[PDB]
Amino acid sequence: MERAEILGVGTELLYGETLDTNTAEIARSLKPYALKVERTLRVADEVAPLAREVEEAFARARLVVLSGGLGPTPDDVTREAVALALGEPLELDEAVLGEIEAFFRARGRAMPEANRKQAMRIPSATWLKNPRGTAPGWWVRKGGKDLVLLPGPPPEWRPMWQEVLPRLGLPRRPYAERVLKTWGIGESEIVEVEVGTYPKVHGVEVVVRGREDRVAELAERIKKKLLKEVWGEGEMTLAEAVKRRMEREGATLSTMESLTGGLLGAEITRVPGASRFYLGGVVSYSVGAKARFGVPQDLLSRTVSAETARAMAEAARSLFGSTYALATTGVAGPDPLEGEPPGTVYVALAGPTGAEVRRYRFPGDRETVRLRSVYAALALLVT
């Protein structure tokens, strides 16, 4: 089996100032292909060491993928390092220049001198169009091997890489993964090709991976064994599950939040099409705010309670006129509140036939508790 070599470029990656997920993510995209990944690299922003690593990686590999260092500054030196590794001169493409120029003009700017170098390429390189940035990528086909240069930011490289990957003509292998996403059941209970369990803030994922035939058969048997706990598969998320229920019913949604601070509204609206059902929300972070939008005076001294969660959901529902409304209240941490520890949370749903509350006691730090709270609220609608 031939090798794929994957290099992330950036000194800040070495030190984990920015965490290298790009190389990992590209390696994962390569599993359906019959290439071996023996190693991945993160390389500092220096021309000579980078050219050496690129030269060596290309020498031993069917495929080399580089990610990062395509910006306009003196620390972006990937194009120079690759040209040096392949013994080709860099040459300015006037058509690409016009396009960078147009990119800046739309934004009401003139094109800075330093961006000119992003329109440079070696003669062996075909351009990869960057739909979201000024630096197009490269695709070098040479001696039966492929070298691909990609931008560092994921919104640029993801669409680029999806487009070019099939075109590389790599040998395929029948690998697959199936992800079953559950809620409200611990790892231990679940236990009662390879099958793994993965605890996340949105619930425990059951992952089945390996030979596509065996993945297919096995995954069906497991989903059956976990039929009521499974809320979605693959790319499905709780927010998207909510959106599907809302559109099915022609229903609307609104929210009132305290400890989640607006994170619940943020997670609902993350999904395209949220405007078809989501009317809006209130972040009632102070006592004054809670009263002003409908929570009864009698409850304002006991905010960490089932009664308050219920009252907040009712108040949001009457304020927005939505079919359904979700509310969050409780203790995110680090401090206790009203004698209750961090991770003490009540989520509530108000709908046509009344309200329901669930209490949770969530482990984790402040941000973790906020996240688990957001997903517990969405789970009221889809579990």
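Positions refer to the first chain, counted from 1. Compared with the form deposited in another entry:
- Checked against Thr21, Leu97, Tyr175, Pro123, the hinge of the rigid-body motion between these two forms corresponds to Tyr175.
- Between-form comparison between these two forms treats the chain as two rigid units and finds the smaller unit turned 49° relative to the larger, from C-alpha superpositions.
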Given for the second form:
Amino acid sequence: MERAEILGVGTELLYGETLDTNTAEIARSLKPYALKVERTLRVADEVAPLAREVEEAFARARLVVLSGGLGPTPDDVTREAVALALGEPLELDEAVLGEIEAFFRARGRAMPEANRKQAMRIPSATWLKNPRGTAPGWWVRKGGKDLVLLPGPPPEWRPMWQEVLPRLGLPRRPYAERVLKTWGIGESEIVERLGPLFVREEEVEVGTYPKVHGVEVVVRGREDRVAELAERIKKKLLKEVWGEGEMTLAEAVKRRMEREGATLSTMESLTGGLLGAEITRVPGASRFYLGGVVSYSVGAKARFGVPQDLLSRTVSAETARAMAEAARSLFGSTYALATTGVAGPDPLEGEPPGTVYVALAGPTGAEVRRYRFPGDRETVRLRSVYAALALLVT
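Having gone through the form deposited in one PDB entry, I am curious about the other one (the form deposited in another entry); can you provide its structure?
If you are looking for partners or other molecules, they are not here, because only the chain is given.
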């Protein structure tokens, strides 16, 4: 498989001052095509370094895509750079110059001379119309290779790109992907269970991406390889997969509650309201979620029904059970979740950061799970939230 290279031009994208979503979007849009994306670049607004990256990228790929640096500032050097890298000269197109003039004249303004550049092209570039902005793009065909320049702003470039893409004559390859979301299983366990199913090849591949919400397993490549390989992996992970694709844990909880016609409530400590936050992230949460308490202080725990004898060991399975049972009784809900633990940095009751109990109570009784999460304060609180949510959807 040949390569596609993708370059976002702009100094501020380096620093994350503007978030570079362009290169990623452009890469997703190449999924249906038999091309390999090994890398993406963000390059500063200087012509020499940029000309070198274009030149290197173009030497290795069948396709090169640039995004941004087509404005009228001294910081807009993309045209020059592509010009310098490909050995062709910049020529003024009088016609396009008129069109730029016309864009300004439709707003009562004369065209600044700054914008004169924006009408240059190289012999090998045909133009791509930008009815939505000043800078029109280029399509270079040369040596059996395509190079495309796009404006940075997404509303300007999405339509141009969607339009020139089908035209580039790139090699199609039916593509699929399956995203499997698990919980309660680590990366190395998944490795072991899958063994040889952990394929990393040109036709199909598998990878894992540990998240606060459990380990995600993505299979991606040729349609027919992904289908059968992914189903085999789902089989191996049957009990730990809680959802697929866009599915989220809060969403999963919501469908169980609708299915049962059941209600839920919460009693939270270390997480501090974050579990309720997460439950209510999903539109429609007021149909089942009665509410919850955040019992951050000992006094608050005693007030909301944690038994006095447990108040010296709030970080325990017994307390988590009591908390969830208490919430259930206090809210009259079919289910209740509870969280108790140590987020860190400080220990509590002689237990170290990441010590966490999550409990579910319901009609037929209660259950508790124990974790030792690594992470800082924010991380432990987050994993606790998904841990509590996992109790309901295993």
